[PDB]
Every structure is written in C-alpha cells, then in structure tokens.
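Read the single chain below, which is given as structure tokens and is the form deposited in one PDB entry.
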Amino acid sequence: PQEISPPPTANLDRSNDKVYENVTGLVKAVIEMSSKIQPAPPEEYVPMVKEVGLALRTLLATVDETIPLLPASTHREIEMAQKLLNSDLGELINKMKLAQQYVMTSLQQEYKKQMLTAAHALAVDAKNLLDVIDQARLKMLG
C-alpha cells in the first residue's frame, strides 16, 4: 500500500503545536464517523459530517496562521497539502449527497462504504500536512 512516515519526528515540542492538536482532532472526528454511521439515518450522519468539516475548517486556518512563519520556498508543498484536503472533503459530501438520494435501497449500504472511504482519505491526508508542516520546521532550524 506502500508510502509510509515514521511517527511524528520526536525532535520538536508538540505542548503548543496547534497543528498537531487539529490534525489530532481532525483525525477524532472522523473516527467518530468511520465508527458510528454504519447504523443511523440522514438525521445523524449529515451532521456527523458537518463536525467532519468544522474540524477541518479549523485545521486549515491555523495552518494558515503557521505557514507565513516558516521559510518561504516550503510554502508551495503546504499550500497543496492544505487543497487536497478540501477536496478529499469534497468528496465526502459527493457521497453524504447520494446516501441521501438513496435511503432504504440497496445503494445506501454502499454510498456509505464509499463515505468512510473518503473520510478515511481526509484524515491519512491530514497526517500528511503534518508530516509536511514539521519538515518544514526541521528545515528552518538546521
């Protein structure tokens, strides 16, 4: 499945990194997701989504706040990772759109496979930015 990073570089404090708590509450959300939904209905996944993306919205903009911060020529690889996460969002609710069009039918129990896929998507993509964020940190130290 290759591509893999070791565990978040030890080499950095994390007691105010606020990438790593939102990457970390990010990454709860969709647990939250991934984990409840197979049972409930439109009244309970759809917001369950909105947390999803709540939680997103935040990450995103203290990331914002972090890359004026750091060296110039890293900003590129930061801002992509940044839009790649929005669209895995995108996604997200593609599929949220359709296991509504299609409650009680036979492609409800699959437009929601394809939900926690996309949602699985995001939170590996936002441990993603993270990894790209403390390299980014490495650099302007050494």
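Numbering follows the first chain given and starts at 1. So that the term is clear: the rigid core is the largest set of C-alpha atoms that superpose within 1.5 Å between two forms. First, how it differs from the form deposited in another entry.
- In a rigid-core overlay of the protein, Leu12 has its C-alpha displaced by at least 2 Å between these two forms.
- Relative to the superposed rigid core, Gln38 undergoes a CA displacement of at least 2 Å between these two forms.
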The other form holds:
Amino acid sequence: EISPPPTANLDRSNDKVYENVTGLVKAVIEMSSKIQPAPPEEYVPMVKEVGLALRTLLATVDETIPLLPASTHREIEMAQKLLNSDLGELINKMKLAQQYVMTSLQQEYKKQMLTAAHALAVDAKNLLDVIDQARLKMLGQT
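So the form deposited in one PDB entry is up there; where is the form deposited in another entry?
The following holds one chain only.
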C-alpha cells in the first residue's frame, strides 16, 4: 500500500536502520524482477541501457585506436562493426517481440532477442581481447 516518503525531521547520515530497510527492499525488488518475466513494455528501457553502454565503449575504443599500431586497426574496426551488427539485431528482435505480443511468436522472438544480446556480450569480450593483443604488440618496445 501507499505511504508518504520517510520523515524529513531526522538526520540519515548515520541511520543504519534506514540503510538496512533500503537494502532489504532492494533485495526484494531485485528478486521479483528475476523470478518474473518482464512485461514487453520494459524491453525498451532495458535495451536503452545496453545501447548507452555500447556507445560509451565504442567512443572509448575510437579514442584508443589512434594510439595503436596501424596494422591492428582493421581487425579492431571490424570487431566494432560486429557489435553494431549485434545491436541492430537486438533492437529488431525486440520490436518484433513487442509486435506479436499476444500471438504464437512472442516467445520465439523474445528468445532471438536474448540470443542477440548474448552475442553482443560475447563479441564485447572478444573486442577487449583483440585490443589487448594490439596493446601488447605495441609494447614491442626495446
């Protein structure tokens, strides 16, 4: 049920009860979000968090490419494109999942959306590894 925000007449800087209530409410909220299948309308905002994380990573990689050997650029740049490829797929299977909300396809497109997301994480790790090999190659310094 609904209640007003906690009283403003008490200092919370060292309020352990308040911190612990907070902790417990978050653990419950987190537990229910995992146990329950998120409503198709939550897809968009979840996908937005993943997109922001991706461009923050792509911007950073662009700031790193210049500082690396010319011979590593092509492979790195290709790794980046595979990621945008995974994002397009993700975004598109999301919209499809949302399209057929109450049909025999909702679950299948949802699965394909999850597979796209999974690929995006696998390919991010492979990018890190391609970047590390480039960095280590650069250290070819005596």
